Amino acid sequence: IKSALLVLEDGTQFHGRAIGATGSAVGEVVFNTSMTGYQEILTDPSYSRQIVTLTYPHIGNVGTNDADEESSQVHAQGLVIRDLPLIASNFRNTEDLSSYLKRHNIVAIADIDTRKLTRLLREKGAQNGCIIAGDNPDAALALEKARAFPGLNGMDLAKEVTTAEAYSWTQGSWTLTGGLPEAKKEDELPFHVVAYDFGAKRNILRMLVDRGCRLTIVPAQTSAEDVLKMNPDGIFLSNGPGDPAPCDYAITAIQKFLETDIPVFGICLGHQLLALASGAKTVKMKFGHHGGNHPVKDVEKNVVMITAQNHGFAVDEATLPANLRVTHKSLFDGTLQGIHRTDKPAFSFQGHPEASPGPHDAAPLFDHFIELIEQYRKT
Amino acid sequence: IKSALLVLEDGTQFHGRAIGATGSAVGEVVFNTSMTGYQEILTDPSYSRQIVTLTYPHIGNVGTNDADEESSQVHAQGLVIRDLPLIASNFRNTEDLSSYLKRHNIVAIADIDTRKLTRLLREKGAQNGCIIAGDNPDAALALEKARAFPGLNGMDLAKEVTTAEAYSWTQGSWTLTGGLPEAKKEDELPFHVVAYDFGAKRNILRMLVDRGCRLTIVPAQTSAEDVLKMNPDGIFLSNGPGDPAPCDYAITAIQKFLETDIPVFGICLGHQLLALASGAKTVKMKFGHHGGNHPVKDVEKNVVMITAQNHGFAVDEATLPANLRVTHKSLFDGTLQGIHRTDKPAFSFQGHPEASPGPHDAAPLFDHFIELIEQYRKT
Amino acid sequence: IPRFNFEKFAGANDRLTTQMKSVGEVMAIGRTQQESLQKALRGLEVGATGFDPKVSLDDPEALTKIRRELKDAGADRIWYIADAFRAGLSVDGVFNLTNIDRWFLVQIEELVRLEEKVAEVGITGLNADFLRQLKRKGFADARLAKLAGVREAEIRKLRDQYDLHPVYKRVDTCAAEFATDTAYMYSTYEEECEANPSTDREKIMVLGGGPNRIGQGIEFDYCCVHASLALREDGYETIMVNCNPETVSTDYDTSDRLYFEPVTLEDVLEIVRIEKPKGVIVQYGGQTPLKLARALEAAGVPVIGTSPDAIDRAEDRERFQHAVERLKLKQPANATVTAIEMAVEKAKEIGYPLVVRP
Amino acid sequence: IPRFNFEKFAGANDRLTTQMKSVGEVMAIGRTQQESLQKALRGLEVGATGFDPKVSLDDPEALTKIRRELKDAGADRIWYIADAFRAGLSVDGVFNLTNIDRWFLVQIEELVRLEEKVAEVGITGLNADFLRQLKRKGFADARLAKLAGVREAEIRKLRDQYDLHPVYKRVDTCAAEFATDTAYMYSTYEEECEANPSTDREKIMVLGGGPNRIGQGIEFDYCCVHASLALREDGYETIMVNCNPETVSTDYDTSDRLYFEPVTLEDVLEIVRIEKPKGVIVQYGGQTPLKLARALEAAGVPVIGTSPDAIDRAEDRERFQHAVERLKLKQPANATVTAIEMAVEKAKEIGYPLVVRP
Ligand SMILES: [Cl-]
Ligand SMILES: [Cl-]
Ligand SMILES: [Cl-]
Ligand SMILES: [Cl-]
Ligand SMILES: [Cl-]
Ligand SMILES: [Cl-]
Ligand SMILES: [K+]
Ligand SMILES: [K+]
Ligand SMILES: [K+]
Ligand SMILES: [K+]
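Protein chains in written order, with the entry's author numbering: chain F, 2 to 380; chain B, 2 to 380; chain E, 359 to 716; chain A, 359 to 716.
Hints were generated in silico from the structure; no laboratory data involved.
Hints should not be assumed to be uniformly reliable.
[As the list claims (entries may be wrong)] Below are the DSS-like pairs computed for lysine-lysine, each with C-alpha atoms no more than 30 angstroms apart in a straight line:
id : chain 1 : residue 1 : chain 2 : residue 2
1  : A       : 475       : E       : 504
2  : B       : 3         : B       : 103
3  : A       : 649       : A       : 634
4  : A       : 475       : E       : 423
5  : E       : 475       : F       : 3
6  : A       : 412       : E       : 423
7  : E       : 649       : E       : 379
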C-alpha cells in the first residue's frame with residue numbers, strides 16, 4: 002500500500018494511491034476535460050505550478066513517447082486521476098505512465114473521486130492545493146502547504162520557464178508515416194520569424210516551420226531593440242504559465258513592435274500580452290478553460306471551431322481599446338477568444354491553434370499570420 | 002539497453018549491463034566464492050570501499066529480506082555478477098535484488114565474465130577499479146577514477162563506519178520458526194560485554210546475546226579509560242573495513258586492557274588489532290580471503306573447520322611475540338588464523354565465527370570467550 | 359453488450375461473424391471499465407451475475423473447449439475468456455486467439471484473480487476494505503455470494519453493516535464542466551452522491567426489462583413508457599429504471615428521473631433505498647421485473663398493482679389449475695409426470711396429441 | 359537429465375514416479391542455467407536440438423495434451439513445458455500443474471520467447487549481437503536453423519563469419535580461487551578461453567556415446583576408455599569428448615584432456631577447431647559418434663580407422679546386399695516393399711516366416 006493524499010485550501014481531502022514520485026507538490030489545482038492527449042498536456046509549460054486533474058477516468062492507456070512531449074520536460078506540478086490502467090496498450094508507447102512519472106520525478110495520485118473534485122472547482126472556483134505521496138501522508142501539513150501557496154494571480158511564470166539563451170528552430174510536424182522530421186536547413190525556409198518564449202509549446206514552432214518559417218526563439222525578456230536588429234519577417238508571442246499582467250518587459254517590448262509595421266501574432270499568453278500592450282485589461286477566470294472540445298466562434302465568418310483550451314486568465318472585452326476588434330468568442334461562456342488590431346498587422350487567439358492535444362480546427366489561424374508576413378515582405 | 006562498465010587499474014575493461022543505480026563506483030575489487038549469502042555479504046561493513054565480485058553466476062535467486070541484513074546499510078561500493086535472475090523465488094523474499102540495489106543506491110553490473118575477472122585478481126593480486134553505469138559509460142574516465150583511487154593500504158576505514166554514540170544491544174539470533182527475536186531485557190542477560198564498533202556485523206552481537214551477554218556498543222575511538230569505567234565482564238573487538246594498522250587509537254586502548262585481567266576477544270579486524278597491540282605485524286594479502294568454504298585448522302586439537310572468511314590483511318606469523326601463541330591456521334595457504342595470549346585472557350580469530358553467511362563450524366570460538374568471562378567473574 | 363437468442367434456433371450456426379445475429383443489447387455506465395463491464399453483464403438478463411464460469415476447473419477437456427470458444431467466437435465468448443484465465447492461460451495466449459486488445463484483457467484477468475481471493479478467504483475475509491474494493495470493481499453481491507458460498511442477501515446485509523452503498527453520478531455531456539438540471543444517473547462506488555432525491559412529491563417507480571430478446575420486445579417497453587407518461591402527467595414524480603439503450607424508455611425525456619441501471623434486485627433496492635417511492639410497478643417490463651416481484655416485496659418494496667402472489671397464482675401451473683377448478687371453467691386434461699413410463703400411462707389417460715411443457 | 363527407453367516397453371506405464379525407470383543420464387556444464395540446460399538437452403541423444411516442439415500450434419486439442427503431460431509427468435515433460443508457453447499458458451499455470459519452481463520455469467519461458475523472435479526475424483535478423491545473445495543462452499546451431507528455416511551448417515557458417523565461437527573454462531573445485539593443472543573443460547560463450555591447446559604432441563580424439571541407453575551401454579564406454587589408456591600410454595595426447603556423468607570415460611584421470619560436452623557435430627567441430635587433432639576415433643562410442651562420422655569428415659575432420667564411407671557400406675542395407683553379392687556369400691532372401699499388396703506378393707516370393715524391418 003502506497004499512500005497519497007490531496008488536500009485543497011478549503012480543507013477538502015482526497016485519499017488515494019501514489020502513482021509517481023514520492024514527496025509533495027503544491028500549486029493551483031485545475032481540471033482538464035481532454036479524453037486524450039494526457040502526455041502532451043503534462044509536458045505543456047503552461048501548466049507550470051499547476052496540479053492537473055483529468056476528468057477522463059483512465060489515464061495512461063496508451064503509455065508515453067518522446068514524440069508526444071510538448072517541451073523538454075513535464076511542467077505540470079502534479080497529476081490527479083481516477084484510474085491508472087494495468088498496462089499501456091499502443092504501438093507508439095515507449096514507457097508506461099507511472100514509470101514516466103517517476104522518471105520526471107512527478108508527484109501524482111490515482112483512485113480519487115475526480116468528479117467530486119471537478120464539481121467543486123467548477124462551483125467554487127479554482128483553488129490551490131497540495132499532494133503528498135508517502136508512507137503516512139500528513140493531512141495537516143498538506144493543508145499548510147496548500148494555504149501557504151502564494152497563488153498564480155499576479156505571478157510571473159514566463160520568466161521562469163523561458164530559455165536562457167536564444168536559439169534556432171527549423172523542425173516540422175510529425176507524421177504517422179515518417180514520424181518527427183529532421184530539422185530543415187536554414188536556406189529551406191523562406192520566412193524568418195522571431196518567437197518570444199514565454200514557455201512555448203513545440204507544436205506551435207513545428208507548425209510554423211511547416212508553413213515555411215525559420216525560427217529564432219528568444220528569452221522572454223528580450224528587448225524589442227535587440228530583436229528588430231534581427232530583421233524579422235515577423236514576431237510571434239508564445240504561450241505560457243501564470244499571469245500575463247506582471248510581465249512588464251514583454252508588454253513594453255510589444256508596444257514597441259506595434260509602432261512598426263512588422264507582423265505580430267500571439268497565441269494564448271501571447272494573446273493576452275498583445276492585448277495588454279494595446280491598452281486592454283486581463284482578468285483571472287473562475288476556473289478557466291482547460292480541455293479540447295471548446296466551441297469558439299469566428300464572429301466574422303459566423304463559423305464554429307472545436308478548440309484546444311488551457312487558460313486561467315482572459316482579456317476583458319469591455320475594456321477593449323477601439324484599435325482592438327473582436328475576432329472570436331467562446332460559445333461556452335462568451336469570453337474573449339480572438340482580437341485583431343484595426344490599425345496594425347497584429348492579431349491573437351486565446352485558444353491553441355497548434356492543438357497537441359486537440360482538434361485541428363484552429364490551425365488556419367496560422368495561415369493568416371503568413372499572409373501578413375508575405376504581404377509585409379512585398380512591401 | 003542500460004549499459005554499465007567496469008574498469009580496472011591495469012586498463013582491463015568489462016562491458017555489461019547495469020542492474021543497480023545510475024552512477025559511478027570506485028573501490029578495491031575483490032572476489033567472493035560464496036554460493037549463497039549475497040545479501041549478508043552486501044550488507045557487511047567490512048566491504049566498505051570495496052567493489053564486490055561474486056564467482057557464483059546466479060546472484061539474486063532468493064531476493065532480499067530485512068532479516069538477511071548484517072548492518073543498517075549496504076557497505077559494498079559496488080556489485081559485479083555474471084547473471085541477474087529473471088525472478089527471485091523464495092518464501093522469505095520481500096524485494097528483488099535489482100530493486101534492492103537501486104533503493105540502496107548501489108552501482109551494479111551484470112553479464113560480465115566474472116571468471117576472467119577472478120583469475121586476474123588471483124593471478125595478479127587485488128586491483129582498484131571503477132564501475133560506471135549510465136547512458137554512455139566513458140571508459141577513459143573509468144580508468145581515471147580507478148587509477149586515482151588511494152587504495153586500501155593504510156586506509157583507516159573503521160573510524161568511517163563506526164557508530165557516532167554508544168548504545169545497547171540485547172537482541173538474539175533469528176530462528177526459522179520465530180524469525181528475529183524481540184530484544185531481551187537487561188536483567189535477562191548475565192554478563193555485560195563492551196564492544197568496540199569497528200564496523201560490526203549484527204550477527205556477532207546477536208550471537209553474543211545468545212550466549213547471555215548484554216552489550217554496549219562503543220565507537221571505535223572510545224578510550225580504554227572511559228571503558229574500564231563501565232565495569233565490563235568482557236571486551237570485544239569487532240570486524241571492520243580497511244587497514245587495521247593505522248588505527249592507533251584502538252591499538253593504544255587495547256594495550257591498556259591488556260594490562261588488566263579482563264577477557265578480550267577480537268574477530269577479524271579485531272584480531273589484527275589485538276595482534277598489533279601485542280607487538281605483532283600485519284600485512285596486506287595478495288588478493289586476501291573472501292568466501293565461505295575456507296578450511297581452518299585448530300592446531301591444538303588438530304581439527305578442521307570450514308569457515309567464513311573476509312579479509313584483505315593478515316597478521317605475520319613470523320613476527321609474533323612470544324606472548325602470542327598460534328591457535329589456528331588456514332589450510333588453503335597456511336596463513337595465520339587464530340592467536341591467544343600466553344599470559345593474558347585474550348584471544349582472536351581471523352575468520353568469522355558468527356558466519357552470516359556461512360558454515361556454523363567456527364561458532365564455538367564464542368564459547369571460549371564465555372568461559373573466560375565466567376572465570377573472570379569468579380575472581 | 360449484445361443479446362442473442364441462439365437457443366431458439368437450434369439448427370442455426372452460432373458463431374459470430376459479419377452478418378448480425380443478436381436480437382438486442384444492454385448498456386452500462388461505470389466510473390471504470392471494470393465496473394462498466396460487470397454492470398453490463400449483470401444487466402444482460404441471461405442469468406449471469408458477472409463472470410460466471412462455463413466450464414469446470416476439473417474438466418480434462420476444458421482447455422480444448424475454451425480454446426475453441428476463444429478462437430471462434432460464439433455468444434458466450436466473454437465468459438470463456440475469464441474461464442481461460444482461471445485455467446492458467448495468459449493474456450498473450452488469449453490475445454492470440456481472440457484479437458481482443460490486451461488493454462481489455464488484463465482487466466478481466468485481474469477480476470478473475472480477485473474472484474480467486476474471495477473464494478479463498480470466504481465471507482469471513484470480506485472485510486469492509488476488501489468488500490469496498492470489490493464493489494468498486496463492479497462485483498455483484500450475487501457473484502460474491504457464489505464465490506463465498508453464501509446467499510446474496512448475506513452479502514447485501516454485510517454491505518448494509520459497513521454502510522457500503524453506491525453513489526449516483528449524473529450524465530451531463532461535459533464531464534462536469536457545466537451543471538445539469540436533468541436527472542439521468544448511474545450508480546458507482548465513489549464519494550459524492552448526486553442523486554438529491556426529492557422529499558416533495560409522491561414517487562412512482564417503473565421497472566423496465568433490460569435488453570430486448572425474442573418474446574420480450576419493444577411491446578413491454580411501450581407499456582413502461584405509457585406508465586411514465588401517464589403518471590407524470592397525473593402529477594406523480596416518475597422514476598424509470600432501465601438499461602436498454604435502443605429505447606424510448608431510456609430517453610431522459612420520458613421520466614422525471616432516470617436510473618440507467620441493471621434491472622436487478624441489487625440495483626433496484628439501492629435506488630429504492632434513497633428514493634423511497636410510493637409504489638413500484640413490476641408488471642410492465644416483461645419477465646425481468648416480474649421475476650423480481652417476490653424478492654422486492656420481501657425486502658420491503660412497495661410493489662403496486664396486482665400482487666406478486668396473485669401473479670404467482672396464475673404463473674403457477676398448480677395454483678392456477680386449482681383456481682380454474684374453483685371457478686368451474688374448462689381446461690385441457692393435464693398431468694405432471696416424473697418418469698418416462700409414468701408419462702406413457704398418464705398420456706394414455708390424457709389422450710393424444712400431447713403438449714409436453716418443461 | 360535422465361535417459362529413458364519407454365519406446366522399448368510398449369505395455370508399460372510411462373509415467374514418472376518414485377520407482378526409477380530411467381536407463382541412464384546426461385550431464386552438462388554451463389555458465390548459466392539456460393546455457394547448462396540446453397546443452398544437456400542437445401546432448402541427451404534423443405534427437406532433440408533443444409526445446410523442439412511436441413505438439414502443433416494449430417492443434418485444437420493441444421492445450422489438452424499439454425495439460426496432461428504437465429500434470430502427470432512422463433519422459434517428455436520438459437519439451438511439453440516449452441509447448442505450454444508457446445500455447446499461451448502462464449508460468450503460474452505451468453507451476454500449478456508441475457510444481458517445478460518458478461525460478462526454472464521463467465527461464466524456459468524466456469527461451470521460448472527468444473525462439474519466437476528468431477522465427478519472426480528469420481536468418482536476416484541473425485545479426486552478430488542477437489546471435490551472440492542466442493549462443494550465450496545455449497541455443498544450438500541446429501535449433502536456430504530450424505527456427506530460421508535454414509540448414510544447420512548455414513548458422514555455423516554465419517558464426518564463423520562473425521567470429522562467434524565458444525571459449526573453454528575449466529573445472530577446478532574452487533571457483534578459480536586456485537590454479538589447476540588438469541584440463542577438464544566445458545564450452546561457454548564468454549570472453550576468456552582457458553583451453554590452451556598443445557602445439558607439442560600428436561593428438562588423438564576419442565568420441566564417447568553420451569548417456570547410456572538400452573543397447574548403448576557401458577560396453578562402448580569401456581572401449582573408449584581403453585583407446586585412451588592405450589594411445590596415451592603409447593605417447594599420444596589423448597582427448598576425450600563425452601558427457602555421461604556415470605562413466606570412467608568422464609573421469610579426469612582417464613585422459614590427457616577432457617571435454618565434458620554434448621557429443622554433437624557442433625560441439626565436436628568446435629573442439630577440433632582449436633585442438634587440430636591428428637585423428638579422431640568415431641568407432642568406439644556406439645551409434646552416437648557413428649552417425650556423425652560422415653558429417654565430420656565432410657567438415658574436414660581427420661577421422662581415423664574405418665572410413666565413414668566404409669561404415670555406410672555396412673549399415674546401408676542396399677550397399678551391403680551388393681557386397682555380399684559382390685563376395686558370393688549367403689544372405690537370407692530379402693525384398694523392399696512399398697505397399698501392402700506388394701509385400702504379400704514379394705512375401706510369397708521370399709517365403710514365410712518373415713522378418714519385417716522398418
Ligand atoms: Cl476521493
Ligand atoms: Cl566481460
Ligand atoms: Cl444458420
Ligand atoms: Cl483483504
Ligand atoms: Cl510436430
Ligand atoms: Cl536484435
Ligand atoms: K479513494
Ligand atoms: K558482456
Ligand atoms: K435491446
Ligand atoms: K548414463
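Evaluation of the provided hints:
no. : hint            : in the structure
1   : A/475 <-> E/504 : 43 angstroms, violated
2   : B/3 <-> B/103   : 14 angstroms, holds
3   : A/649 <-> A/634 : 21 angstroms, holds
4   : A/475 <-> E/423 : 29 angstroms, holds
5   : E/475 <-> F/3   : 21 angstroms, holds
6   : A/412 <-> E/423 : 21 angstroms, holds
7   : E/649 <-> E/379 : 26 angstroms, holds
Going through the hint list in order, the structure does not satisfy hint 1, though it satisfies all others.
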